[PDB]
Amino acid sequence: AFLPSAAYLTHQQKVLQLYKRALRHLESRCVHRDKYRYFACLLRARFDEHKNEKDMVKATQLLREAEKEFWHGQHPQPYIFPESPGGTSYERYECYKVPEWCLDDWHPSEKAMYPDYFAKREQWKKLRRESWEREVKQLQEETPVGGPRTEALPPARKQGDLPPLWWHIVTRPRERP
Amino acid sequence: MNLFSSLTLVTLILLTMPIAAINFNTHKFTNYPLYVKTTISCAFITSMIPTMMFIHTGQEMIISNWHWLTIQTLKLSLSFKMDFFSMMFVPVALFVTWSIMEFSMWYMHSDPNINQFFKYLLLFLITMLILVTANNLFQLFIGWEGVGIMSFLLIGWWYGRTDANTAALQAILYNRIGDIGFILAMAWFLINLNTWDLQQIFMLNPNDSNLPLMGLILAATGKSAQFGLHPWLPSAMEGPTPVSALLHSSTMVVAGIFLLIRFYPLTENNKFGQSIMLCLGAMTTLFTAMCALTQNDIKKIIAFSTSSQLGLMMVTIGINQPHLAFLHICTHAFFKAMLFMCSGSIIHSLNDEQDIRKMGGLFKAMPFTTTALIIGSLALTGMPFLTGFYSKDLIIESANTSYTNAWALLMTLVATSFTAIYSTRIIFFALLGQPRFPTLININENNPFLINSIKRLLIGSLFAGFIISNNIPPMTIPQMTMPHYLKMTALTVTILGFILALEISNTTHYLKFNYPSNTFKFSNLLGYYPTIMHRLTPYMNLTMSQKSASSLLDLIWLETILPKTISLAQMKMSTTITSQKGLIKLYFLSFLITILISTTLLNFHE
Amino acid sequence: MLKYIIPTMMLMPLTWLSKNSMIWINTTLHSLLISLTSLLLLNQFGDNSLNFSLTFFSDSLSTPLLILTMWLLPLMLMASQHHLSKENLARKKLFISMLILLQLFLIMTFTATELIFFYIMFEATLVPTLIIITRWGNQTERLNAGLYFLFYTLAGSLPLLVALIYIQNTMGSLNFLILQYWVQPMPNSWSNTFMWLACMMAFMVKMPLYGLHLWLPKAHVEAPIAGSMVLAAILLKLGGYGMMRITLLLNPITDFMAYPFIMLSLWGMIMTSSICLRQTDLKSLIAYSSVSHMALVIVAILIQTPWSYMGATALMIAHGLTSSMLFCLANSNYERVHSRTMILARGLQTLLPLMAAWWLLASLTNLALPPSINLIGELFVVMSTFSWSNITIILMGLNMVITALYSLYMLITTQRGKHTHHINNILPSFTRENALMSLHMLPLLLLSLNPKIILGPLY
Amino acid sequence: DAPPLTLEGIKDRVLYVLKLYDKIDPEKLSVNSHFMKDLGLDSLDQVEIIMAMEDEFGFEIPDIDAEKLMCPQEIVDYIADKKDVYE
Amino acid sequence: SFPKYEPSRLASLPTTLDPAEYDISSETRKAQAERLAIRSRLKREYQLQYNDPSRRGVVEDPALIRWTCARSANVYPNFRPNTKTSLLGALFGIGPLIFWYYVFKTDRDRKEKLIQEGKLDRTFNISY
Amino acid sequence: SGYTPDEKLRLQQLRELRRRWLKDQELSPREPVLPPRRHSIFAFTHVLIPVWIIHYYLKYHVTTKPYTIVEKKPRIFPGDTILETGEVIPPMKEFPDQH
Amino acid sequence: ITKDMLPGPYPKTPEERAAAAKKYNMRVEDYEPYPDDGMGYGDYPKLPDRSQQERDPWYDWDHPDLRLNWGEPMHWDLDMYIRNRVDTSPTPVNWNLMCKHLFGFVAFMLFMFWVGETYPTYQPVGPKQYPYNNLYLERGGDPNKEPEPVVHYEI
Ligand SMILES: CCCCCCCCCCCCCCCCCC(=O)OC[C@H](COP(=O)([O-])OCC[N+](C)(C)C)OC(=O)CCCCCCCCCCCCCCCCC
Ligand SMILES: CCCCCCCCCCCCCCCCCC(=O)OC[C@H](COP(=O)([O-])OCC[N+](C)(C)C)OC(=O)CCCCCCCCCCCCCCCCC
Ligand SMILES: CCCCCCCCCCCCCCCCCC(=O)OC[C@H](COP(=O)(O)OCCN)OC(=O)CCCCCCCCCCCCCCCCC
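Protein chains in written order, with my numbering: chain F, 4 to 180; chain U, 244 to 849; chain Z, 279 to 737; chain E, 4 to 90; chain S, 664 to 791; chain H, 52 to 150; chain L, 382 to 536.
Isolated chain F, as found in the complex:
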């Protein structure tokens, strides 16, 4: 479907995703632990019965009828984790995730309350502006002609330099700011 590094989903990936969704929905229908354990073992036996099938069209039809079976017997509202999308506390703390570039607009009167922190911030910014040209030069010669094929980034090959495009995924805000 929508993948950063791959253009498609393999057959085994589809089977594993179906297995996880079916087990989660069966846990939702079977709220007690022992009952869920019993029916999870039954579902695991059903999945292991057709594990060794070499016919591609037959495995595809088995997957399609399994997806139809899951859609007929899904929970009207399954159990979603609190931080998972669709959860009760999903994206709750996004109002407190202030980006780090707002510290450059602070008044010097309130910058004096944290001298050592702002010194460390200054040396971090010095490191970033020193490494930017090296990392973009590394990225320029590693992309094949015609643009990149996937969205994966390369690491730093030699010693001393940081991986390319590292700033906004290292300085991201914490989960609980």
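It is worth saying that the hints were derived from the structure and are not from the lab. Treat each hint with caution, since some may be false.
[As the list claims (entries may be wrong)] Derived DSBU-like pairs (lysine-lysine); straight-line CA-CA distance at most 35 angstroms:
#1 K318/U x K110/H
#2 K764/U x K17/F
#3 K730/U x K509/L
#4 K607/U x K38/F
#5 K526/L x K124/H
#6 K114/F x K74/H
#7 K514/U x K774/S
#8 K38/F x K14/E
#9 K38/F x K31/E
#10 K86/E x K161/F
#11 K271/U x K123/F
#12 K17/F x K755/U
#13 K31/E x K54/F
#14 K71/F x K764/U
#15 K693/S x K384/L
#16 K114/F x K696/Z
#17 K57/F x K26/E
#18 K393/L x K807/U
#19 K59/H x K54/F
#20 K427/L x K807/U
#21 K85/E x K23/F
#22 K71/F x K26/E
#23 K607/U x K23/F
#24 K123/F x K74/H
#25 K123/F x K59/H
#26 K768/S x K790/U
#27 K40/E x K161/F
#28 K23/F x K40/E
#29 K14/E x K696/Z
#30 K14/E x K23/F
#31 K123/F x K696/Z
#32 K693/S x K59/H
#33 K100/F x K271/U
#34 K693/S x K61/F
Given the coordinates of chain F, work out where chains U, Z, E, S, H and L with the ligands should sit on it, guided by the hints.
Structure of chains U, Z, E, S, H and L with the ligands alone, referenced to chain F:
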């Protein structure tokens, strides 16, 4: 007289002081929530004195202190009304919000904007006390819009969350349809009776009062979340737990019932409005209880529960028992707020988990909240001689022995059984059994704030129904002669619901699997009402907004008719005029033709 | 009225003889002094108007509009001095001069006792605004906006000149004090039908009416901030003042000649609010909201009842203040992010909290939160239209629901949600922007304490 | 509320959960033992392991990151990155 | 069997019930590779403009400008008056105006006729 | 399968930088460097003073104007005694007892 | 920006269609403009009309709240298909079945309310009796007239 009005107005001024205290502050306030809590406790005492005066003598007054405006004949003044309803509701609301703010001191302790949260809570309380003490319809509308706006600001407290914004906007939309109803009623009263003050409305007493009553019924449907405009109340669970526990449980959502209570001289002479209210209330209570039967979120269960209780309030309004309806408001506030507080305690102890499928084994792990939850569910279901017994059984007894719609009574009884069913469903899935929560256990309830607030609301839910029902004066004739089966209807129905849901839970415990039915999907998915309406009506409205108004009319056709056609006509005429070939022979031929036309065809030489 | 005209024309040598850095300080200071001086017009009587001279008078309708104009001028001086920072000094003085000249024409317009002098000033107001829009506007289509605005106004207003001269020749005078006592019934004929159309279409265009509103989302959008403020706050109310003054001569033919425009303006506000629901531009959304509110004022004037007139003048003043504040807030966002798209810069409450509070207050007054004077005007118009007919309550309730919807959609889109990742030039709010917001907000909130001074001449 | 986490506690808890699995001999697994090769497990065993660790720590690991969690050290590093520990 | 999921305008078909999802033919693989290449190239452009330490402003998105220009400033150049446009304009432009005109005219005629006979109760009406 | 070696190397280096950045977010013991900046007064400042002001306002400015504080007349039962007139309201009739 | 990146009129030849597909950053085979009926769309692509809720929530979007990518072609009704507005996600029940079930429930409840209004419940009692001519003077009747005497006897 000089103590009554002084103490009422100083209660209101005492409540409004901390808003000015926080607005004129420079440094960080030293424990501002404690200051607000102390202020509310003092205001509760100060408002508790005039209710003792009213209980002793019956002293009701009206204070029209500040003259505001005079629009020809109509005169608007800052008028407050101390009557039975205001004195019986203000201390209950102040008590409940005192407990809620102590619970908020425990609950929102780690929030970096706790001062803004307490300011918003105090603003909501100020607007609600403006609502319940209002005399004319303008001040009532001010309180109406104030509690609506505070609900919008408090539901979307975590404004970085999209679902909070959707819930807040949806609540605003339904309350604005209620505002349509309120505006229609106020307009009818001004046009036909030439007043907005309630005294002249009650004095003139119109007979053909169908239209303002339907306006008020629509407004109460919007505000109290009756059928048709219900789903904003269960959608409003996106906010913090104290916001729910105050507004969407005990104080804000009873404003429509209160508005219909205040106009009881108008509705007492109209059988049509009474039948409409009875049918709407029965529909609301049964539909919301049926939806509550198969929910898994605990806060959604309690939201559907309080919507069902509001439907019961609309029923007992519709059977011409408005004082019983007010008694049920004052009863229901205590145990509904404390049920929400205990649910919030369970949520906080299990790392923000609101699912009852990930609970259990909390009977001995959290004993105080377990005790309070059991007491609250028993008081909600109608256990004898608790707080709910003194209002709910009288409602059922009056509904049985009255000239009533048969179907409305039937769905009222079935909804009572369903309330019993979901109460014991909550108790079973949240306390009994084996633990289902994650492995690491940080269960704690040893905070003085949470314990003290739950304790105060527990004492209230134990004795307040008895005290209030023994202190109020008799404003009607209580029906106390009935057959044996009609006297035991409420208790037998609740017992039957308890037995049915105990058997349902026992069958759930078995090692069998069954595919879901259409009834289960109808009850679990809220009767397909939000999934159809919230996908269909916004689609039609927004497509009509863009494809018809924004593009077809003013970007295409209103631009076509007046300016563009005129511009093209002038362009074409200009290109025809200036396309001469610059030959003198053609110009002089045109001169000859002009002379001939003027001489012969136009007769300019006559 | 010469005690306000003469300091206004003396503002011109003040801005043309100041230093290179002291033009804003001097002009703002002395305009604020004249704005304080403008409170002496509140000497109104319950029976007679305040008649100064043969040419000038000021009753209780023109007084709030005058005070609004003279208070609005220093706000535009404070607002327009950031985007004119790098401009040439002579062009800066020319901009301030056009603002001064527009204020002079506006204060001579509301006090004109003669109707032809009112017409002359009311069409003299066209030139400074057209020059401001087409010169200091930022976009390509400011020229097209100026052409549309100019030609809509002139095509609407030339028959008004012809009809006013006809009234002068037939009745003998255009003095408004004379015409109150010398008025005659206007019978039903085709001649009087076209008299009504000629006398009404200029102010129907300027207000604007639905269907004649096509110039507004252009002139309100391609103008600079000061131009947008003076277009939304004052210039739309010239049409309202004109219909309030001119309806006296058009009776009893108004009672059936007002039907098509009542249907145009009752249905028009639903269409414009629905347009507001699906707008990708913030400035265009504010302009269409202005169209809806002026449609409300059109209906109130056309049904001609006392409650409708009081609601109309209160709603005019309230919408002027609210629209000016909303345009100022949108301009501050535009200065921060250099784009007018509503979906681009999101989640600004985490970065600009007090500006978010100002946004919330402006949105709350936009949807008529009681007891603001917005709600007072809207409520009085609703009562009078209910007295007119009962299904008007259905139309008004639908309009109120959509108005709350788009105001909160504005607020939730711009201020709430997750912030834009790649935008990192969100500077903290200046003291100038906050002072501008508070000077828009505090009079609006204070007027709820004494709302009797904005309720027209028949309070 | 919300007690903090460390790499030692994360590793101890993840090894506890993996030790309670009946299909893994507890005297053989370590912090960097592979699943398909060093322990002889199927892909379904990996899926059930990932679901068990999700239930243990109370947060959901997406599938596009779950397919690549192949030894206990990568599970520890993924949880440490997602919960921002050692700050 | 099981009841087949019928899609609607407001309830799309799920991606796990689509028969075209399970296609393994090389044309669809080539199409998916081309789409991934376009997406990765655009993401590389955005992240190059995004992580620049010397940039302080707005990374301009031509897609958003394209969307706003299409929504606003293209409708009249790409408008041709035909049967469909004129029919929809007459339905949505003069339809509701005529309908509301006749409704309000009928109501006001009935009220004004009832008033002049003294059949309408106007006892306390002195506000208008 | 698992990560590629390049994915593993990039993840390792990014995790090291992330942990260093998160460590650098801690506070020094001297931070923040703050600049150098009647038991029952609540029952007096918040109750007694507003009660004085409100009683003054109601006594000398609200009760002066007519029909500002309209109070319901007291409920009168048989057997009572009026303060102002001194009269005694007669008791009601004899009861025809049934119980 | 330039005038060759902005939208244009409806493409007729495959050459301008390919140029437009390259302009909007999409494949030529997947690029479908709106039909040329004169509504005013131009060559803007017709994207599959799905809400942003149907997007993958675990993908690293450039705009995470909108689930939108930088440079990607933006839908014509994107401000309508945001997560704050109209949803098009699949439902556990078929749409027609939910419509018929809800409508049948509402209609049945209304019919039974009407039936219960037709045949109400009551108690085996007579009318309530009030003294003093059914409280004639207390109900607001004027005292200068005299009403018809309402007399209640014992039983
Ligand atoms: C912070 C410290 C301040 C100073 C502290 C020390 C002094 C404190 C004061 C001590 C007592 C002073 C004398 C008593 C007070 C004044 C008495 C007096 O004559 O007052 C003149 C009058 C009394 O009314 P009036 O009847 O005499 O005149 C009304 C005015 N006209 C006729 C023009 C309409 O005004 C006031 O009292 C004003 C204050 C009112 C207080 C409440 C304000 C509420 C605002 C709400 C706005 C929106 C309302 C919307 C709803 C309206 C209804 C539908
Ligand atoms: C913004 C666009 C829309 C603008 C709309 C403007 C108004 C529309 C109607 C205007 C009519 C013209 C002015 C009439 C003034 C009437 C004064 C008077 O005394 O009337 C009674 C007089 C009566 O004549 P009299 O007064 O000399 O005679 C004495 C009276 N009787 C008849 C009893 C003996 O009316 C007229 O003389 C004729 C009036 C009708 C004129 C029709 C031609 C104009 C048609 C409309 C043109 C509108 C603008 C078009 C261009 C738009 C832009 C491109
Ligand atoms: C006693 C009488 C009883 C009468 C009852 C019958 C009459 C009333 C019938 C119901 C009318 C209102 C309900 C329908 C519209 C509801 C819109 C709404 O708020 O939808 C909620 C939705 C977000 O919620 P949801 O989708 O559930 O979120 C789940 C997680 N994403 O939010 C959105 O999708 C955002 C949508 C924003 C734009 C909304 C546009 C539609 C507005 C319609 C207004 C209609 C007013 C009619 C007034 C008539 C006056 C005479």
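A quick look at each hint next to the structure:
no.: 1; hint: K318/U x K110/H; result: 23 angstroms, holds
no.: 2; hint: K764/U x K17/F; result: 27 angstroms, holds
no.: 3; hint: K730/U x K509/L; result: 22 angstroms, holds
no.: 4; hint: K607/U x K38/F; result: 24 angstroms, holds
no.: 5; hint: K526/L x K124/H; result: 29 angstroms, holds
no.: 6; hint: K114/F x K74/H; result: 20 angstroms, holds
no.: 7; hint: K514/U x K774/S; result: 27 angstroms, holds
no.: 8; hint: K38/F x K14/E; result: 30 angstroms, holds
no.: 9; hint: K38/F x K31/E; result: 31 angstroms, holds
no.: 10; hint: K86/E x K161/F; result: 30 angstroms, holds
no.: 11; hint: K271/U x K123/F; result: 28 angstroms, holds
no.: 12; hint: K17/F x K755/U; result: 29 angstroms, holds
no.: 13; hint: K31/E x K54/F; result: 27 angstroms, holds
no.: 14; hint: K71/F x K764/U; result: 18 angstroms, holds
no.: 15; hint: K693/S x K384/L; result: 32 angstroms, holds
no.: 16; hint: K114/F x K696/Z; result: 26 angstroms, holds
no.: 17; hint: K57/F x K26/E; result: 26 angstroms, holds
no.: 18; hint: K393/L x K807/U; result: 27 angstroms, holds
no.: 19; hint: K59/H x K54/F; result: 31 angstroms, holds
no.: 20; hint: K427/L x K807/U; result: 29 angstroms, holds
no.: 21; hint: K85/E x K23/F; result: 21 angstroms, holds
no.: 22; hint: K71/F x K26/E; result: 31 angstroms, holds
no.: 23; hint: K607/U x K23/F; result: 34 angstroms, holds
no.: 24; hint: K123/F x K74/H; result: 11 angstroms, holds
no.: 25; hint: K123/F x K59/H; result: 28 angstroms, holds
no.: 26; hint: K768/S x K790/U; result: 30 angstroms, holds
no.: 27; hint: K40/E x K161/F; result: 31 angstroms, holds
no.: 28; hint: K23/F x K40/E; result: 22 angstroms, holds
no.: 29; hint: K14/E x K696/Z; result: 34 angstroms, holds
no.: 30; hint: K14/E x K23/F; result: 24 angstroms, holds
no.: 31; hint: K123/F x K696/Z; result: 28 angstroms, holds
no.: 32; hint: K693/S x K59/H; result: 28 angstroms, holds
no.: 33; hint: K100/F x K271/U; result: 22 angstroms, holds
no.: 34; hint: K693/S x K61/F; result: 24 angstroms, holds
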